[PDB]
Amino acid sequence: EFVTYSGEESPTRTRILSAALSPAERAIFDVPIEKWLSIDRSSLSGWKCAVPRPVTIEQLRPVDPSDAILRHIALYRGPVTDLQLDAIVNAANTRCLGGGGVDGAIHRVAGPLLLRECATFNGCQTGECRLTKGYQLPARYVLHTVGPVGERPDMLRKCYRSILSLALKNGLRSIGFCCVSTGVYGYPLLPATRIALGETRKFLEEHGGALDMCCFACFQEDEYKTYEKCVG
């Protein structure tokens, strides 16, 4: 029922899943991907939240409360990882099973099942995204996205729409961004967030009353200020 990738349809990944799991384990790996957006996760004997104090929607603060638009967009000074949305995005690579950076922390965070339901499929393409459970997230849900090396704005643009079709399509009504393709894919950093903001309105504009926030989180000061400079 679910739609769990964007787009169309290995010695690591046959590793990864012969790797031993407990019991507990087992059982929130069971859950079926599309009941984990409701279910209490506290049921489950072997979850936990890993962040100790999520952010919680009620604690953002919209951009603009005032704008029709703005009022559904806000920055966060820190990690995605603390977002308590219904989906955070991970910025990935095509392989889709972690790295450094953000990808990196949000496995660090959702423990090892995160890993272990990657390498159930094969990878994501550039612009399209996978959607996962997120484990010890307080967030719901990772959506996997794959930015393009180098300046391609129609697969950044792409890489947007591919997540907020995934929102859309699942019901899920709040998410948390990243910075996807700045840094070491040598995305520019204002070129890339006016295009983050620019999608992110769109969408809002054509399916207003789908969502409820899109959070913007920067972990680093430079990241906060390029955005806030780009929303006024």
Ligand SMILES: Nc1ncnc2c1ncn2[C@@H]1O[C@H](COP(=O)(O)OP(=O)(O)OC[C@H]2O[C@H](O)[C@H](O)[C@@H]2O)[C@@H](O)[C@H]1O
Contents of the next structure:
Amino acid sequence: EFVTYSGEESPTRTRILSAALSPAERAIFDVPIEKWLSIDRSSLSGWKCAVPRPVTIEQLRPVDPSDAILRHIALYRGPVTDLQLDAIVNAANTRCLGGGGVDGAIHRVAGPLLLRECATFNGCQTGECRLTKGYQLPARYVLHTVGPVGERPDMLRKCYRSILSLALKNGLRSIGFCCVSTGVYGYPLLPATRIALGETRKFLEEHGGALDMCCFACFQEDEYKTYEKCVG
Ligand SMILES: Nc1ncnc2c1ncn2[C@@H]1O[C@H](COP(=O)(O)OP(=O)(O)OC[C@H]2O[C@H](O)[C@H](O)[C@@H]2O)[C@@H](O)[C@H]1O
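Target state, the form solved in complex with this ligand; input state, the form solved without this ligand:
Time for the whole complex; same chain goes first.
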């Protein structure tokens, strides 16, 4: 049985949950979260993938095929939504019912059932992670994390730990990351990238064999260059 939250445990939520759903939408929503990993989603008549040519694990290139650690890390030029991995990361807020930035894009692509699922829990604390189905994303699951506002390294680190912990607890083998806290939350990019990479490296060293790919999705060229520069 899945661990769906890393931490310890509304009229808007009420409105969302009372909104009409079709039988076909109900059928997708009814899929036990743990079954979604392996289900043939095309067997559900209400499902589709909303990303036409998703980028799969075998299409990514590791930073370095020969390093023990960097063979499990890839950089990707583009939105995290393109990635067909076990899980993608959303940079949410504590309410965790959508927003702008990557949170907006993920909800657009995933479709309205993602926000419906989010309304079943009481948001998400800073540094923690909530696990939901990915609905219309090529990715299976979303790991919604809430990064700090401003440079609070231990919370940003916590975010990365919480994400990687839930993937480990539930047997997710590949994760697509976005640059959490670095857009509207204004965490400085190079310091944020250091943490993202430092934490993923530490996790990979301790839990080698649990994960096959940590892909860092760089929606902006300067994120991609910062990541590139950080990994030699
Ligand atoms: N349209 C997009 N598509 C894909 N990736 C994007 C997009 N826009 C930004 N990114 C990338 O997404 C990454 C994260 O930037 P941010 O989304 O700002 O998140 P945060 O943690 O700093 O701010 C969170 C708040 O913003 C939201 O309103 C939430 O609801 C929160 O309230 C960067 O790589 C961006 O380039």
